[PDB]
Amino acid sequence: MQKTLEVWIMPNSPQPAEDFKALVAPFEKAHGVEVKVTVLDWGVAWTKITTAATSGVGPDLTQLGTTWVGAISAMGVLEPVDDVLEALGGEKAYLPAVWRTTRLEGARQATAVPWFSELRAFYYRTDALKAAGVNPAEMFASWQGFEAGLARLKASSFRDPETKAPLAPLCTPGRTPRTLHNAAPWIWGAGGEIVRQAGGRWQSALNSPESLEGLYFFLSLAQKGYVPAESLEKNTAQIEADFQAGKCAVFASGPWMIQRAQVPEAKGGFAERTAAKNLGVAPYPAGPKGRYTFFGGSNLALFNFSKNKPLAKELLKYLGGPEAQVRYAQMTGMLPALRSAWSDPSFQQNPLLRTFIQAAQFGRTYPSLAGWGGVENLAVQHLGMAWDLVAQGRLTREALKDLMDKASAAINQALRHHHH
């Protein structure tokens, strides 16, 4: 009689359950085990997983957003996995920013295994930058280059072959709960932070001089006319669609866009579109105090009430290990969490994927705080209010500061009060 494992996942791929079943079929056959998968929508998964955690009833393994690992770990419900991580190559096998997501900030033991990475780089229309007299090497080297290329792109008379209309220099989604991830590399590039440690404790640094320098740099590009009004009312998926449809010279996204450029519109790609035929990518530019690439993605964790910790740890080793890492990265359009998988020919043979790997070298993530959730909700609320000012062309440095002082007061309250 087959042994049993349960895994909870979020919709990471086109057929989430079927794809995950294909991924683990070799493990099932090797260990005489059936892996039962349950797919949770990203919006409900957190509450289902905290109910599972507190009730002691749920799967053996659960997917976690990297930003979730601290909160769940602090609940005391996760089995240590330093053994699994040592088996996969240890701390050297991971980008530093990925290794940071294996534990609660400052915790003694690892409680999550890196599964896949989300990271962001600039896609750009090679035809638009040429028509504008912009060298992508200079546009994506520095903030000065970045703004100077957007200026030339706003001036350009170039029209998309299919829309027969000019392109927005830059598109960025003004309407999303994931707005912080888009701001983070500007905050970081200026020497800033969203939170930082002081007086025995974590606090907001959103109102620091450097954070405010980076936020204003980024948000002010929109008030300078480089971002259309229309973008700031749109979500991440709408902005991707705008870039495929020739509306945007430049936008930030993950590696998944490359695969979409290879497949026809009917298959949910955009290979027929001008943008697919004129596609470049660049890492985020260096800011005044450094160059940072936002990283997110998902990790896997083992509940301490699992009835088969050794077999589940074999599944964590399989899913975290070289073959599964390359296959699931293909299925999801993500970057492997395991550094060694970046050397796979399926990344090295595509120059656009090679660029994502160059951008990966600058990877940076949020501190893995037990209270990150509340921090991010408060930051997102106030960032939303800053974009409103940008839409009316009313974002001053002073008005930005007043918004971030307000966010900082609420974040510091949240951090002080984080339960248990």
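Numbering follows the first chain given and starts at 1. For clarity, a rigid core is taken as the largest C-alpha set superposing within 1.5 Å between two forms. What changes on going to the form deposited in another entry:
After superposition on the rigid core, the C-alpha displacement between these two forms reaches 2 Å or more for just one residue among 291, 234, 159, 317, namely 317.
Here residue 18 counts as shifted, since its C-alpha moves by at least 2 Å between these two forms after the core is aligned. Comparing the forms between these two forms on their rigid core, the Cα displacement of residue 89 reaches 2 Å or more. Shown in the overlay between these two forms, fitted on the rigid core, is a CA shift at residue 52 of 2 Å or greater.
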Given for the second form:
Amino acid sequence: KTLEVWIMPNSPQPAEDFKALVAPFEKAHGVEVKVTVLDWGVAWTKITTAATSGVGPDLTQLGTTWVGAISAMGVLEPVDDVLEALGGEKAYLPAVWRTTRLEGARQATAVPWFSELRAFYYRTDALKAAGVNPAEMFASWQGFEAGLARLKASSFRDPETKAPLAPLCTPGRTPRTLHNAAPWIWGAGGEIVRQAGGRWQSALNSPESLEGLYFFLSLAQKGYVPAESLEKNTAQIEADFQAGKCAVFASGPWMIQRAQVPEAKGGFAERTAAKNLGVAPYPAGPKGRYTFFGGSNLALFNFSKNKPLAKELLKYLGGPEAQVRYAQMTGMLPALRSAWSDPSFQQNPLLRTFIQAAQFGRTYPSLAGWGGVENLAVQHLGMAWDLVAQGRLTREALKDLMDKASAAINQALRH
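Next up, can you give the form deposited in another entry of this protein, since the form deposited in one PDB entry came first?
For this one, just the chain is written down, with no partner chains and no other molecules.
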């Protein structure tokens, strides 16, 4: 007997790590778990095709932001039973619990697997040579921009590249998500969507959201981000940070784990950046401090022929032992709140900064139409980045683009 599991590349050897994670389960149940690894870029298509076609695995990893969308298609097995065996609502951060179902659904359709949230990695050697105190740079928007200005005027050169660093790297080219943009929207007092007595609408074109978006996009128009970096997706920006090409960038806690892994095994431990690595939270904006809080859950397709055995695997993957071990293998945080207390997370100095930054963590609402909203937002945000690359992003042009994005988003939400 066999379970099929789909997962995304959460660890450097995603298939091998997952297999090693489920080995005790395989031994004890006398079952094989076959895993297929999907790139995040193809995962949405593969999972929605399994949903519509009725062909796919027993279990899939689902980004937290996708749970609502796939759940609304009516294809997921209820897992209230698994969540009750794992300790129920009390055992989860309420922000994590809200990702176990479509907003306002009767039944849970996803088991929390891991959490991740966003902060700034920074080069400790570069900030020092620029005369930047990270406690000032990462306090406030004004401290953030003043730090980038000292980084731009720095005479520091990476000891391996023999070249200057860019103050900030952020991806322009593949905006697959709003995750990079959301903290800036939120810190201005904005939102991506807003509910008015029931109905959801875009707030991307609200004065507050436009203020946050303009603040962030204009850092790049001011010369703090190289034009190069707007050519690049997330994976290429990570590589540029690892190769010593920039002083600061936003990512999740997986980069700490990759930094202690040799290059031979998919890490960057021998690079200067890994040996001079700091983490600081997103700076507070004029209306508050927020960061993107997400992660992945696991779900069971209602066409599975092995629902009992698959629920046993969900309970195992959701539980204390597998929660600590998978978070170690990935550099993610446990989804299970109790597991955060494991000394191996609490005593990691860079990871403790992610753990404290979770006080300000913020999630998207769990909407049926979420896939559509994110897809439409990034399409329009992509065009704003195109204006940045040409030095032509004005507040008027940004507003014009988010007015169009909001019409597209509202039309999709009315369905």
